[PDB]
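Residues per chain are reported as follows:
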Amino acid sequence: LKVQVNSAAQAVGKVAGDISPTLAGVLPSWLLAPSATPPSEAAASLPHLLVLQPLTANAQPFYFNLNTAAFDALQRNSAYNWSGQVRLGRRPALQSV
Amino acid sequence: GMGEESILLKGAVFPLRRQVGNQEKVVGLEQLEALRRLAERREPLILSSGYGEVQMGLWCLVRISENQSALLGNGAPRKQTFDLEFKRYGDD
Amino acid sequence: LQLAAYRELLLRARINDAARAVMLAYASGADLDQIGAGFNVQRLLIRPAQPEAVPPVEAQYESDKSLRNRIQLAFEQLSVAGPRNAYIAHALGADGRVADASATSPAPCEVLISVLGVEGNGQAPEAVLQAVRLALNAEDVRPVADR
Amino acid sequence: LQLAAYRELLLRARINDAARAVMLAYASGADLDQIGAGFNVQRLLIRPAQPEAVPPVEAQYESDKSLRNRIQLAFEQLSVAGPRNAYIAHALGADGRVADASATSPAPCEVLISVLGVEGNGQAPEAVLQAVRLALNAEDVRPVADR
Amino acid sequence: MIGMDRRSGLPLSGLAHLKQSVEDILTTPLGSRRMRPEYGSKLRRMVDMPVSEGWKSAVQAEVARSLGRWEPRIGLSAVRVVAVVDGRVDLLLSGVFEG
Amino acid sequence: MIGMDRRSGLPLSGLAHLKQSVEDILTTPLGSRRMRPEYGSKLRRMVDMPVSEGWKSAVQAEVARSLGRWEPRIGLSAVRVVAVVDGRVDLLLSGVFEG
Amino acid sequence: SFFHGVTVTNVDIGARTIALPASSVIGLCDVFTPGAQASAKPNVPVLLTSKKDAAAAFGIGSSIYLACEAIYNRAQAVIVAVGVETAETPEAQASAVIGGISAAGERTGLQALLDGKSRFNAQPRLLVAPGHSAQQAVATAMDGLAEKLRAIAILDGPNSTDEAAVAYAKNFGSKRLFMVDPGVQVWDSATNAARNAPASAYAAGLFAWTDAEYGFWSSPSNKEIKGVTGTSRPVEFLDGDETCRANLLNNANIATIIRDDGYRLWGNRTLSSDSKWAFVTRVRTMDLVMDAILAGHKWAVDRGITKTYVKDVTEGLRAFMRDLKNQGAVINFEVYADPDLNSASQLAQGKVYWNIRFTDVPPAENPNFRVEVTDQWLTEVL
Amino acid sequence: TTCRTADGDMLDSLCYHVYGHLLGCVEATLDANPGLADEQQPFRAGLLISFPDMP
Amino acid sequence: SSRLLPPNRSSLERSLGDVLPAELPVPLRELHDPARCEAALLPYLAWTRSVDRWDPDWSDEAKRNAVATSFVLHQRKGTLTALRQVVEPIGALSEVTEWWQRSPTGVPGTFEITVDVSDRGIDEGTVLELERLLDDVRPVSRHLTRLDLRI
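Quick mapping for you: the protein sequence lines, in order, are chains g, i, t, n, c, b, N, 7 and 1. Residues 98 to 194 in the authors' numbering are what the first sequence lists, from first letter to last. Residues 195 to 286 in the authors' numbering are what the second sequence lists, from first letter to last. Residues 51 to 197 in the authors' numbering are what the third sequence lists, from first letter to last. Residues 51 to 197 in the authors' numbering are what the fourth sequence lists, from first letter to last. Residues 1 to 99 in the authors' numbering are what the fifth sequence lists, from first letter to last. Residues 1 to 99 in the authors' numbering are what the sixth sequence lists, from first letter to last. Residues 2 to 383 in the authors' numbering are what the seventh sequence lists, from first letter to last. Residues 3 to 57 in the authors' numbering are what the eighth sequence lists, from first letter to last. Residues 2 to 152 in the authors' numbering are what the ninth sequence lists, from first letter to last.
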């Protein structure tokens with residue numbers, strides 16, 4: 098059946114060829130394209146308090162000011178990894194790990 | 195699953211306030227130890243309220259903790275602030 | 051496509067409904083009536099059809115689980131008194147009588163049935179001599195000399 | 051519409067393939083047991099799965115196209131007064147034979163049946179010949195006598 | 001579930017069996033059944049007690065226990081005194097249907 | 001995704017298919033489809049109910065459910081009453097496009 | 002002879018004639034057999050609350066109870082039920098239902114429903130004659146009795162085809178009539194077959210279920226009918242203004258049972274010639290606020306006209322109608338005393354006027370959905 | 003669990019109301035019902051379906 | 002169907018709802034009712050009912066009762082009461098012989114039967130079938146080939 102029907106489908110395609118695979122989903126070069134212009138937040142009359150901006154470098158950044166979020170507190174914890182190793186007769190040794 | 199459903203009953207027993215209508219009988223000191231005797235039966239309990247659903251499920255009693263203070267001479271309190279704590283016994 | 055897969059599933063089920071209706075181990079309702087009409091078996095009447103009161107008494111028929119008893123017992127059934135085990139079972143028209151056996155002294159013509167009935171001493175009365183012969187005229191082989 | 055023209059091409063083929071397996075004409079295996087139950091025909095065991103050794107299972111039933119003959123010979127086994135085929139259809143109970151033919155040249159109640167047998171070169175054994183009189187005791191007529 | 005009626009022996013199934021299932025709970029005292037001692041109601045103990053406002057809440061709390069044991073297909077809603085004649089109090093046993 | 005139009009049979013793909021995808025959600029009642037009972041909207045149940053300010057928020061909460069099931073490429077923004085004539089209320093179904 | 006144990010009682014005990022929801026009381030008139038099992042005189046009204054009241058006052062096989070069961074299967078309603086003796090001639094049977102003052106000082110037939118108040122505190126809001134409304138003489142009797150009663154009359158067309166009921170609706174247009182033509186059928190225990198009910202009493206039980214559970218301002222069309230099977234006519238229905246037998250009846254101001262053959266009523270417009278009074282909710286909220294205005298403000302017929310009296314009720318109504326506005330029964334209103342027609346020449350006569358202006362909630366019988374898509378402000382694709 | 007229809011009750015809706023799902027629930031209803039699929043799918047008002055257990 | 006569709010439907014869906022199911026008759030229960038079999042497949046059922054003798058000349062009323070009463074015939078072959086009904090299309094039930102009508106103790110041959118057949122529909126021929134149509138009802142050695150007839 099993979100021999101005879103394929104020989105029959107090749108015989109039909111020689112007599113009457115197939116229709117072309119017409120294209121209706123042809124888009125312009127916009128619907129996957131970011132608007133690289135800065136938003137109205139970046140042109141506002143307020144100095145920006147802090148700015149979030151990602152690694153893709155074309156995505157829209159977030160601007161902290163009185164129009165958007167405007168934090169008034171800033172905790173900044175910063176540990177430093179010093180590991181203690183207890184020695185028996187003395188003070189425990191500290192290593193920067 | 196369903197997880198633990200619990201009911202916790204606060205409150206206070208004042209065992210010198212006389213019973214309602216002055217029945218020549220006070221609220222007793224025995225009247226929280228009756229909650230203890232009913233809890234060492236190792237047995238679930240039906241809660242029966244009177245407002246919404248009346249047939250609450252099987253509820254085993256887990257914890258009794260009174261705080262009896264303002265004592266009399268023989269150790270008798272005149273306040274007993276308790277908090278009961280149930281968990282729903284999952285019957286079929 | 052949820053109609054062509056739903057209406058086809060109805061037509062696939064009608065074929066399964068019709069295939070059960072032509073099998074004895076699966077037919078029910080008025081479909082064992084068509085198996086019953088071919089084998090000359092009718093559905094019983096426990097209580098009769100017509101009521102005399104104002105609520106209509108339903109014509110009580112036996113269940114279809116008892117037709118499958120009766121369609122299947124339509125073969126092992128008293129049909130004709132061929133052998134010695136069938137002359138006696140076709141000789142159960144009378145009532146005051148205990149079991150019986152048959153013989154045949156010649157081969158080609160005559161068959162002998164010695165009826166004894168326990169009423170008094172065990173003799174056969176002449177009243178039940180004709181009561182046997184009323185049944186054996188059309189339930190035997192036709193040229194029997196049933197003495 | 052090209053799907054729908056393809057689906058009742060598969061439904062007209064389904065109604066035909068259902069109607070084949072209902073009639074005894076072109077009924078396949080594990081389905082004559084549903085038909086033979088309507089004709090008191092059950093397949094028997096030709097050395098079934100007895101595990102002499104447990105992994106070599108040797109299971110075997112009655113095959114088709116001879117079970118179908120026993121369904122075809124169903125109505126010829128109801129009449130116990132011995133028509134031309136009831137002497138045949140009761141003589142097919144044995145295994146080491148083949149089917150029978152009935153005739154009568156001499157005086158009446160003298161049956162000439164020809165017990166033929168397929169096992170090899172011609173002649174059937176006389177010990178196999180005695181099994182038909184054990185197979186025809188309560189199936190014949192009592193005055194009739196066969197050779 | 002299909003059961004039979006207490007009187008007249010007739011098999012009644014749907015909701016008349018539901019009502020006689022409740023009235024076998026309410027009118028049997030405890031321990032009256034054979035080999036089933038935790039069956040029935042304490043309502044016979046509530047017979048011929050004065051109708052106070054604590055008697056009402058003790059009947060609601062005891063019908064709910066006794067129907068909670070042997071009648072799971074009934075969710076009890078309320079029990080209300082609706083009339084009083086000499087001795088004869090009468091209670092509207094109202095409850096939703098489950099199961 | 002390329003589908004066909006409901007009327008006239010023409011295959012339309014981009015955004016006319018998007019609008020008829022929404023109007024197959026909103027106008028089918030629940031259970032009307034074959035072997036798909038959790039399809040459609042309860043908007044036919046909201047037909048011929050009085051237009052209160054709780055009827056509006058119950059239509060927003062039900063269009064958002066029914067489009068949230070079978071229309072993932074539409075983020076619903078708001079549903080607003082914009083006019084009232086006798087019986088005929090009309091709703092500006094506004095929503096951003098995703099996917 | 003008393004009893005001293007625990008007992009079951011299966012008979013009615015308490016009185017439920019205390020609540021009496023004034024918007025859902027129903028007038029009912031049909032035939033029955035006044036035997037010894039029916040403990041009610043024919044041409045007098047009797048108050049009904051449950052099916053036990055219909056069983057005690059009327060026969061079970063009588064078609065009063067068949068209409069009382071049709072209402073009590075759906076709603077906890079109140080029925081003022083008048084009976085008529087069954088006649089021989091059907092043109093004289095309609096003469097028994099219309100009644101009149103044919104007695105000495107007694108009202109008979111439908112006219113005894115005007116005596117609902119002063120007997121049982123029920124001024125009837127729903128008029129039904131189940132079966133006896135395909136005749137025009139009783140549908141005109143229920144017409145003219147409605148504006149005396151400030152009710153709406155739920156009549157029904159004949160059980161023939163659609164144009165037999167469309168042309169039957171063209172004899173009216175009188176603002177008080179709500180016609181449901183497919184006489185729906187119901188399953189029976191004794192017959193073990195499909196019945197034929199006139200389906201005018203089923204819309205009365207649906208209105209009593211609507212105004213007590215959803216409010217009288219809510220449109221009583223799209224709601225469930227209980228005690229029901231298929232209809233006497235398969236009435237098709239689609240979406241998109243087709244030649245359907247649903248859109249044909251609704252455009253002829255006729256309501257009809259539509260979906261799943263018995264599941265829901267469909268249609269809210271009344272037999273009215275005015276497009277202002279087209280909906281029943283325009284008509285129901287007209288009369289059920291202005292008799293709820295009166296209930297509570299029954300002191301406005303005494304406490305004679307002093308300086309504060311005109312001022313006492315002009316925010317007595319404003320404080321009551323804002324309670325109607327907050328529960329959704331109306332939308333924004335205004336209540337004010339009449340400046341020009343109030344004068345001292347007729348204030349001594351007793352007449353003093355107040356102007357009420359309210360608009361009510363419209364029922365959303367046709368919600369349109371203009372779907373539009375965007376990304377931020379416009380269609381980015383096209 | 004025998005149920006009686008109305009003149010518009012339908013099979014896949016009914017055994018969704020009874021069972022709660024439709025995976026393997028319609029043909030199990032059509033299996034233990036003689037002559038149900040032969041009747042037209044918009045049902046008449048008085049036909050009886052005995053819904054089996056474990057669809 | 003068009004009724005199984007939702008209320009929102011185009012005329013295209015309502016048309017394709019009336020075409021794409023494309024219902025068919027199921028003529029499967031009709032195969033075992035002889036009064037409802039088609040005439041082209043009736044002798045298939047006559048085979049499984051083991052109708053021993055068959056003629057392609059009878060009316061269908063004379064063909065279907067030979068299949069419907071094929072049970073009652075084959076249940077009682079040795080009897081006379083199905084020898085009466087095996088001659089159904091040849092309409093004939095007149096007379097039959099028995100032992101005591103002949104006084105000298107039966108014929109030599111112990112009473113082979115000489116039955117009476119009375120046909121009126123067909124006069125030409127109709128003799129050569131009845132000695133072999135009645136052969137299956139006749140036992141192999143209970144009767145002899147002696148026969149009597151009447152036209």
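One or more of the hints may lead you astray.
Said to hold, decoys possible - Here are some chain b residues pointing at chain 1 (derived, C-beta under 8 Å):
#1 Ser21
#2 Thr27
#3 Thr28
#4 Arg34
#5 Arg36
#6 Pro37
Read the hints as simulated data drawn from the structure, not as lab findings. Cβ atoms here follow ideal geometry from the backbone N, Cα and C, with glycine treated the same way.
*Let me know if the C-beta of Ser21 (chain b) comes in closer than 8 Å to any C-beta of chain 1, holds or violated.*
violated (13 Å)
*asked:* So, as I understand it, the hint says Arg34 (chain b) touches chain 1; can you test that by seeing if any CB pair is closer than 8 Å?
replied: Holds - the Cβ of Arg34 (chain b) comes within 8 Å of chain 1, reaching about 6 Å at its closest.
*Against chain 1, is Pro37 (chain b) within 8 Å by beta-carbon distance?*
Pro37 (chain b) check fails; min Cβ-Cβ to chain 1 is 12 Å, beyond 8 Å.
*May I ask you to test the interface hint for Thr27 (chain b) with respect to chain 1, counting a Cβ-Cβ separation under 8 Å as satisfied?*
Cβ of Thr27 (chain b) sits 4 Å from chain 1, so the hint holds.
*Interface restraint verdict for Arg36 (chain b) against chain 1 (beta-carbon cut-off 8 Å)*: violated (10 Å)
_Proposed interface contact between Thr28 (chain b) and chain 1, which counts if any beta carbon pair is under 8 Å_ = holds (5 Å)
The structure shown violates the earlier hints numbered 1, 5, 6.
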